[PDB]
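In structure tokens, one chain follows: the form solved without this ligand.
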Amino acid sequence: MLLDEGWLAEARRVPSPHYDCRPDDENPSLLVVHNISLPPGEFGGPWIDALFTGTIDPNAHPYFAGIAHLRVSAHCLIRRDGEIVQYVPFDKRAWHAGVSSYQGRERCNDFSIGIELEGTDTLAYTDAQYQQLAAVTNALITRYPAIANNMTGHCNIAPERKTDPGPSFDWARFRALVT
């Protein structure tokens, strides 16, 4: 697919207020793979769109109040059916990695894009999502070369704390489709 220098045309743009300047406007290299579903264990709700914009309703669900204290966002999301939703231009800083670390260098937000796979640590992602994740990845690799040589889980840059994208994530399947 195609890149309007930050934005994915194919997608459904959610204008998240939750971005800012990459420090010294450094360009991204490492892509991190995230997972998420809300409420935790269901798919298709509007609620992800919600969390990612800082508007989600703490009253919509006993699990939504537990996190209604965050302001967080991830560059793009892949829904179970392949649909790509984009909240923030790739060149900008997403509030996704958190307290993370990759190769001596923390605050991994700075230099990374974050892709969310709708799902759970323990349930297989769908064919469409492997096709889509790889699709987006090839694009960013073309814009940002280093990505092909920096790809990881949240669980890698934040062990113990994070386990996403989980043992479900079959890197084999995905890589099989990256350039």
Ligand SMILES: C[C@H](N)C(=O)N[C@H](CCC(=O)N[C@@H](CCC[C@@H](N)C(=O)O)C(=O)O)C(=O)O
Contents of the next structure:
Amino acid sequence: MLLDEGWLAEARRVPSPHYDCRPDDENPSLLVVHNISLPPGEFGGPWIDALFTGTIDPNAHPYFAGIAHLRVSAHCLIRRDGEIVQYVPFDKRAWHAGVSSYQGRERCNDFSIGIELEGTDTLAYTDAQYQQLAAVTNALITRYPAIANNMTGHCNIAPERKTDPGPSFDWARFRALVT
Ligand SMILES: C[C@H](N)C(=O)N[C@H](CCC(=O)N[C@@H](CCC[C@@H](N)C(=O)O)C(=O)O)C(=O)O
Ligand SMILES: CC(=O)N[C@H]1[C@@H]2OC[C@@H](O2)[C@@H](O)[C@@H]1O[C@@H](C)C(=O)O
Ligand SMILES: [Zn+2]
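Moving from the form solved without this ligand to the form deposited with this ligand bound:
Below is the whole assembly, all chains and molecules, this chain first.
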């Protein structure tokens, strides 16, 4: 698949107010794999889109009140059925990493692209998600060659704060699909 001005040519575009500029409009060089599910352990809601666009109803589930105060986003979500949703163009800074460090460099939001897999640390991701994650990643690598050398989990850049994408994320299968 192709990239069009920072947007996946093939994705549902859900443009989020939750983004700003990368410092000096630097090119991203790191892919951070995440997972997300809202409410925890459940799939298919509107809640992920709502969280990443700042419109979530704090009252729709006991879990939501707590994260309503957050200001977060990711570049893309890949749903259980493989559907790709993009909230932030890749050249812009999404708010997905939080306090983090990679190879000595902090504030990974600055130089990373965040892709969220709908799922949990302990449940297998779907065949569609691996296929689609790979297609997106291959596209990103074409545009930003350094990503080929720099793919990581949120848990690796924020250890003992974050666990996503967890043991369930099969790095071997994923890497085999990439470039
Ligand atoms: C969606 C993502 N996976 C997420 O929820 N994780 C959050 C990611 C949170 C995150 O990036 N905050 C940013 C800033 C948040 C908003 C701020 N720029 C603004 O203008 O309002 C940071 O620390 O620079 C986590 O790890 O704490
Ligand atoms: C424990 C945690 O920090 N919060 C979960 C929760 O679910 C939605 C929102 O709040 C998201 O920030 C999140 O994280 C994970 C798994 C992630 O960063 O991918
Ligand atoms: Zn994460």
